[PDB]
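For reference, the chains in residue letters:
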Amino acid sequence: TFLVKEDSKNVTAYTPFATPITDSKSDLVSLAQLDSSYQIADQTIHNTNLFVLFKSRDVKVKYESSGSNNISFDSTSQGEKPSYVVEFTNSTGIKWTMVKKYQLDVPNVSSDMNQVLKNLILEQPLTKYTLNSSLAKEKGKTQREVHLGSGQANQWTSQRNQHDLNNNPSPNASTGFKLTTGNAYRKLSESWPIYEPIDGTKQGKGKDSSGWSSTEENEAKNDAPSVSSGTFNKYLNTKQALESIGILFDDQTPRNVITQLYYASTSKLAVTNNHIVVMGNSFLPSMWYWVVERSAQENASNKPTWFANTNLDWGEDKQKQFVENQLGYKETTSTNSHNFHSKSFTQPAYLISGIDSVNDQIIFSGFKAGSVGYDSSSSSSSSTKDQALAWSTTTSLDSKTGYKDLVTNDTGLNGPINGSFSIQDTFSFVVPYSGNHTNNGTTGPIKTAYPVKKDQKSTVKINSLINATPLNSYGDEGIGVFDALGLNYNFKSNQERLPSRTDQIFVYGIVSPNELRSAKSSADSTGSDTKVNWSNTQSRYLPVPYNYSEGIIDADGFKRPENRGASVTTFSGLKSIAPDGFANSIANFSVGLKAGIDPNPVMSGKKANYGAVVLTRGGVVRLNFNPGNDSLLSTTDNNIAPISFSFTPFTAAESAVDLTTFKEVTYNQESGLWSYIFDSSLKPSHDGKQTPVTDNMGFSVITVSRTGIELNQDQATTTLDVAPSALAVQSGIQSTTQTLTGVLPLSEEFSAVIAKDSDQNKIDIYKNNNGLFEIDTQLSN
Amino acid sequence: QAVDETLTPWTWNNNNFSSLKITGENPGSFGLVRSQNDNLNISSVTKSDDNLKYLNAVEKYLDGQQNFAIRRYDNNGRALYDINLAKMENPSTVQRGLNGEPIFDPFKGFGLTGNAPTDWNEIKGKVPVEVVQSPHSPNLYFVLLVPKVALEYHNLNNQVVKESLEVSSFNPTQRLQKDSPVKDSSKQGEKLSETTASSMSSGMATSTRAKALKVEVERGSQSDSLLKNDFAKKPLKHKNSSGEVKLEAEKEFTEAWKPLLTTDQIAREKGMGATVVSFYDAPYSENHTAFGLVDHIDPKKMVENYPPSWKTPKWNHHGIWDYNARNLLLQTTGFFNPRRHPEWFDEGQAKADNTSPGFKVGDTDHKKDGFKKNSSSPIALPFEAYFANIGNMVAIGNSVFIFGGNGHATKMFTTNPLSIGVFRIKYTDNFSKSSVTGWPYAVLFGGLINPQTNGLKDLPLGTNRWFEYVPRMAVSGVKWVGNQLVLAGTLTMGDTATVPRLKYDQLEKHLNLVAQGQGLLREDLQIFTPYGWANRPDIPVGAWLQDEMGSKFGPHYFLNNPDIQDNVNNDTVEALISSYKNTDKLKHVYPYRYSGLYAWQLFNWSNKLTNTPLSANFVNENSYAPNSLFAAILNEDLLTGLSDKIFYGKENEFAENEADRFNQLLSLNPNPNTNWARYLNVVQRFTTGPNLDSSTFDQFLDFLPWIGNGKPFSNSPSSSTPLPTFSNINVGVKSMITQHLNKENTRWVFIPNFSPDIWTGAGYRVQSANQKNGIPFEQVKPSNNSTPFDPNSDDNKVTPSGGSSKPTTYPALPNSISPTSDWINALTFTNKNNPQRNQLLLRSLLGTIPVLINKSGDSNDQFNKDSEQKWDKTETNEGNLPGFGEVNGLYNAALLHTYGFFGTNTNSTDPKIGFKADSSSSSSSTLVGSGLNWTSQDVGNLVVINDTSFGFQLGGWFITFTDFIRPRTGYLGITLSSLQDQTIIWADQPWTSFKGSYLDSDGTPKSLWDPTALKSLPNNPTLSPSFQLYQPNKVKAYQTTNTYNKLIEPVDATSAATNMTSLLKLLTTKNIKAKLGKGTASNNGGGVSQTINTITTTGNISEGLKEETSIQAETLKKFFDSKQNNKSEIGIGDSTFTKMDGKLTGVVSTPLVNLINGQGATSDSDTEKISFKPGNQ
Amino acid sequence: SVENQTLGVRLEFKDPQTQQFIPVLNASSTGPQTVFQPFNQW
Amino acid sequence: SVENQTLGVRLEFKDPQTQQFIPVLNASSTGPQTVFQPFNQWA
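Chains as they are written, first to last, in the deposited numbering: chain A, 27 to 118, 121 to 255, 261 to 412, 416 to 817; chain B, 59 to 105, 108 to 227, 232 to 782, 789 to 1089, 1097 to 1159, 1164 to 1258; chain C, 1308 to 1349; chain D, 1308 to 1350.
Hints may contain errors.
[Stated by the list, open to error] Here are the simulated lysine-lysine pairs, DSBU-like style, with alpha carbons at most 30 Å apart:
#1 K649/B <-> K595/A
#2 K867/B <-> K595/A
#3 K595/A <-> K651/B
#4 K146/A <-> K493/A
#5 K611/A <-> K649/B
#6 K792/A <-> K709/B
#7 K543/B <-> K1321/C
#8 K1123/B <-> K595/A
#9 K595/A <-> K278/B
#10 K301/B <-> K616/B
#11 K1085/B <-> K222/B
#12 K301/B <-> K208/B
#13 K851/B <-> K595/A
#14 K334/B <-> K208/B
#15 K645/B <-> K725/A
#16 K167/A <-> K876/B
#17 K1187/B <-> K775/B
#18 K595/A <-> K521/B
#19 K490/B <-> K543/B
#20 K595/A <-> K1187/B
[Unchecked claim] Covered, in the sense of this in silico footprint (three residues per stretch, anywhere, with C-beta under 8 Å from a C-beta of chain B), are these stretches of chain C:
#21 1313-1322
#22 1325-1332
#23 1335-1342
In case anyone wonders, no lab produced these hints; they're calculated from the structure.
Don't be surprised by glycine CBs; every beta carbon is placed ideally from N, CA and C.
Between the sequences and the hints, there should be enough to build the whole structure, so can you do that?
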């Protein structure tokens, strides 16, 4: 029998004949002995029992920079509502009864962690209505402006040696983006605004919470009022959009960053034979995750593990350094120059695609949320004051071809180097040279350095920031756009896309029960921050489709003159033509990670195959694993890109689907097919211009299938050299009128759709032809 | 029912089917069988009577004259019974159970209803041409029946079965419209107005050069007229050269070609189409045979499923500007105009013009053009096109698909019938019920992206929401290569030869490019005639008169020259492009000087594959004949899952007017009540040849030989020693690319070696012998009196804020603009491209690449190797590089020498045919063929070799696909085995001898040839399969020094053919054959050709590939040069031949045995000592 | 058929050249198929 | 049918008057006969 979620707290079971079981509608929130403010966040089936995640709309969390116990629930005003994971069972019809109830307590904070948290600042979440221009921030100081000062041009050649930028050909390379304007950056104790600038290069107060609350917020309220009578020339009102992505409010005002971080961090559920794993959502970053031992006592506090303590394998040692060297500056000299890189932490947040389990293994994926240092000096003063220190790390044109050599390339490892370079009859934004290489021949090794003047080394305060997108540098320039859309190509006979190693990074992997126990120890460590190691992980440069932006039509080395033009080179300039329910065409999104075991037989004496699929902007990604080792699939040749990752573009039908309305991902064991359910009723009621939405009705379903030569099929296929892929195809189940309840996969050859057009229910039976549906009107009972 | 000895086996020419290897419980074979009776003359049947009353008259005659069946053979190849529908007296259908499952006992046989199958009287006399077996249902088979007429097509009377081309002096230009358009004095207000000022909006740079042109479009309010419609503006009109010189299908097509039967005619005349009959068969039972379902392959099922944009093919998504530009330029309009492809049109050549395009054109008021109106010219599926789509069945699940054949059943010398799509017969209720449908390949191949191939990239295989690219095939077959379902053969690409557009005033001097765009010259190869090209093929007619005189070198519209191209400098871009900001109702024509050669032209305006599906902004036209090899792995479960009918939306339709067209998007969200997007990703992966790209591929083309000779294109084994035809390595001089254009950031960027040296190749430009690294602006293009172009002139300069006024042109330029130029550093100066390389591969295999001719072999007009052909003086006219007229991508002299047109390579006595770059007087040349008649439709049986490999007969070569299913690093992935028979190689109809290819028990594929079966041509010029109407070329006298510094200048060639009598005689294949010493059979035998012996390490070119010491192209050339005498090691060689007595007609193949003509059937020695114990004891 | 006590069989041999099972065509005069009827041959 | 997983049954009862095993006629409102199948009742 199949289970259906009637609403945010009720669950109704159906027989395989698409008929509802009488007296089966159960209120699990009531059953779990939880109050009205709670609703079911995620549900999964393990060991035949139903595991349910619950989260309260009434949760309140505080961050106190002073003290030992910094992150805590606000007891005082009935905000001590932690999230719970409950095991339920059938005691028979359907009669649910609670087995175990686990609470997810806030994270513990060390002395070292709290020194980053004290001055940690966070970007306002990205919305359905957030533009390329809202995201855009004013360009920072160039390399020669930081280390040398103003009017120090054509003196670079003689002075670059002292500042340890020996032979560096890019004085004009940007050092980051200014934080005096643009999208709001807030402390954990501070709250985010309902307003978002239309142009971040001009409107906005960035990290200046004080300057916003005193003067700018009032201009914003006047331009962009809530419900319209408003002008909407400088600002967008996204209260409705924010609310739809899980933002908690005290009427009109959102709760502080820390509360939003908690509520969104308890979004996805995975269950193994010994552990329960809880991660965040795809909308906003997750700085921690929960590992709950299933053997935990009735009233014990289950604490999360920080991502800043979870050391991942980025594929290569160099790939990890790239991410870390940009997290901050690593030479305190000051005293309060605390950031993540200095306090010896790793990547602190991820925008989680999802989490699942196969053969007691946990599988995760997501995009790495951009993180860089920033100056907070407050005065003469430092040249980098009120600015983020981020840069492009895209592989140089002169680099050796072959995946391993492209990703290990020392281009932009310690400091900035990319810009705009004229090559023959075209151009590039990536530095043409690395090592001893110059146009004349060999000139001595090229050096890079963190954008901090060595004279101002002591009198500088480099603290930490976290972005709401997979973008590290938002600085309004050429290279920012090519790194975001994947438009950097080499010029050698065999073309290759030069990847970035900090911007639009997709991280994925498989976690063992012992790798999870390690994670649990780190959460329970008191005093020192204990470090975790996840071996079977990988990273891959996954950018947004270039054709989601107006003005770009191909991806080649040769670039047309019109493509050096400002209108299609900077963020504010760039215009979106993306149809996937996002106003921006620059930041990538991922959702619906689901793994499954292949029904097709494998060679005798070999373990059954299993893979995972996930949806990203522009296509479907497939994660390939070796079952004989429960590791990521790999191959002998380093020149070929890790065979554990595959990407297949969408067509206009799949691109048309609003990725922000993802409801549920399912997998049919007998078919080997994934059903992606999108409910249009998950749309915000109003635009950024407060205009009522008129397309929040209906649904859509996408089928995902395996393609390619699979492992251990025969003597030849015991090893692979090509990554097996996936195929996303609009199933044929869709509506614009009906409001979906759920989809029953009745059989391999049949499916049932439960919906309401005018309150009354309707069961639609669709004919299934190996992932392709067509409605049966005869099957109406 | 008993085996009739008078009926012997045969092979149908369209699908090359002869017999089916039957597997499972009861193995054996199901082979074709026919009466080999002569004393048959179709002449008796008299032609008033229309095409249909005549055809039934031929049918009734052939019925009492010809006998056909499909006999069943056991595993030993011994025949068992016949199954002859015409001799079947009172046939019966199977007795089905209560679930539709037929009643059957292994011994008693099948249960018979006694009642004959549906439409039996019309299918009764049909000829079975193919047999396929059910994959999961036992004893279930399916036959492909066609009418007896389909087999005797070419033997029908000439008044009924026609040619698409002409039969006192011969002139190839008579049927061509060559008179260039002129200035319209009345329409001078229809000129695109220059803007008043650029926009500053944070810009800074400035220029004195003429401002951008403005193109305004406004809707307003009027049902039939727009407020503004500047794309409709046309300040030019046709020439009045003793009449208006335009495309008129009525004036120009008197005895116009029309198909045998229209689409409607075939669908209503059930005996004139193709049928599929499902049948039952169990040989070791009493009732061994029984019939099931009879389904007619209705053409309307395919036509009803054609994209909506196909109802109006004389139009495309660019609308009125492109209709006008192409129209005046005396070109075909749209994406599939009937003047180029009359085979898919019910009224054939009657509709072969640009008139009635489905949208209003040429209105007295221009703001009325572009609006949707009535048409009567849609892409349909008539007789010739229809039967070419018949053959190659596949049984996947409960479905039977027909992917079509090579089209040899209905193919004429000047016609190219091909398969447009796939047909599906979906069976239900234990095969008791059936449903017929058709899907066009255009939809099915919509999902193609570059990541799906390991060979050539950016091939013209792209498309859009309006399905403008119309892929059609010459199918080999569709077979399971292990786990993977593979569809192979040759494929028609998007057009590349007519991508460049001529400047309105150049038509007369560029006759071959005009011919090609007019459907007169059915050539698909890019011809090198670039002087007259317009800088951009997307410039509307409104902008063509801006610089009529030509003194200011028309910034918007000028004669294409990549020397006068501008910088990419931020200030050049600011001043001349970003300054002008387009709006909702206005677009600009920038004063920026864009220009580039064949590579550049194709990069911007060809339907090149990207990383995304349906991303082709421009699909020019569609090729005449299949011009690419093709193998693709299909999605079997998508083919069986997809719905019968396909629903398109308003997104697949062209805009009703120019206002709606103006702000169109290349991609749109499909309607929720449509399913057309579901059909896009049926192809999983594809291959077009060996796994090589760009310059690396060229090296391989040199390595292969020409069938007619056996001599390579390289001419490498023994400065005045011949040079290669397709490669630049060691040809010309070594130019340092760090000294070209901006001369910055080049050293390690393109070459991973210190030395940035690149071979110029034949026909280069240098300042002097000493100065070979970059040519300074001293090939500066001058224009007609007060001539020189002036860099440093007020217009040709950009002043940024601060006043440093700098010129926009480049100081130095690459050292070659020849048809062989291959610049890794300059795309604007590259002529060699991937689309040409793909065509050049297939053509060289067929051995049909044309050569440019000046001197025939005749007296007082001969070409002498010594003193006339200097291989050392390749920079000058002595080298004899035409630079105008020849095939782009090669060295014309190197090809002539390979063809042995001059030299001892083909004839002991030198034929003295060639090309002389004249320094004396104006040259007059014509392109001619090789003497070979192989066609890109000469595609045989698909032959699965093993679990990882497959191959087929393509012309005189057996091509094998080594590295497609599971590719290996370092291999080319292709094997080639050439036929040895010189009479077949040099035959007029060479593919008439081909009698099918089969995989043998020893594990090698073999092919049957019967040279006695060679058909003779029925026939100033004489039509053969490789006949092309090449137009004359006339150029000014060549310079003695600094020859190729400039693009070679042509002159009016409209009155030139009258002095080319000798040359024009060589357009007929038989006349080339005669001069080459191949005149007549001067012999053969009929036997079987076997492939070259191949080992797992055959094709290992890994050593030749990669490296930085020498560039990949340079390392492969040295490697191929070290392997000239052991080509068998790379997998290029000659096929071995075994003589066979008598006349080869077919083969009977069982999973145990392959018997030619079904001879040699034995008892099998192994199982002779094993028997049953008799029941009595 | 258990009631009729009839057994319908087909003789198969493993071929050396093609390493798969093939039917013994000469097993009976008619083919590789035979019946074992207990005098219910009428 | 083992493959289809379909079971066709007929309900029977022992009549007190006559020792015979009589079929239950009201068992399915259509008669004593009924079928047991999963979703392939789509026939």
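Structure-based check of each hint:
| no. | hint | verdict |
| --- | --- | --- |
| 1 | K649/B <-> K595/A | holds (27 Å) |
| 2 | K867/B <-> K595/A | holds (22 Å) |
| 3 | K595/A <-> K651/B | holds (21 Å) |
| 4 | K146/A <-> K493/A | holds (21 Å) |
| 5 | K611/A <-> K649/B | holds (17 Å) |
| 6 | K792/A <-> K709/B | holds (29 Å) |
| 7 | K543/B <-> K1321/C | holds (26 Å) |
| 8 | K1123/B <-> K595/A | holds (26 Å) |
| 9 | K595/A <-> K278/B | holds (25 Å) |
| 10 | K301/B <-> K616/B | holds (24 Å) |
| 11 | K1085/B <-> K222/B | holds (18 Å) |
| 12 | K301/B <-> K208/B | violated (51 Å) |
| 13 | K851/B <-> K595/A | holds (26 Å) |
| 14 | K334/B <-> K208/B | holds (13 Å) |
| 15 | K645/B <-> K725/A | holds (26 Å) |
| 16 | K167/A <-> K876/B | holds (28 Å) |
| 17 | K1187/B <-> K775/B | holds (27 Å) |
| 18 | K595/A <-> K521/B | holds (17 Å) |
| 19 | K490/B <-> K543/B | holds (19 Å) |
| 20 | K595/A <-> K1187/B | holds (26 Å) |
| 21 | 1313-1322 | holds (count 5) |
| 22 | 1325-1332 | holds (count 5) |
| 23 | 1335-1342 | holds (count 7) |
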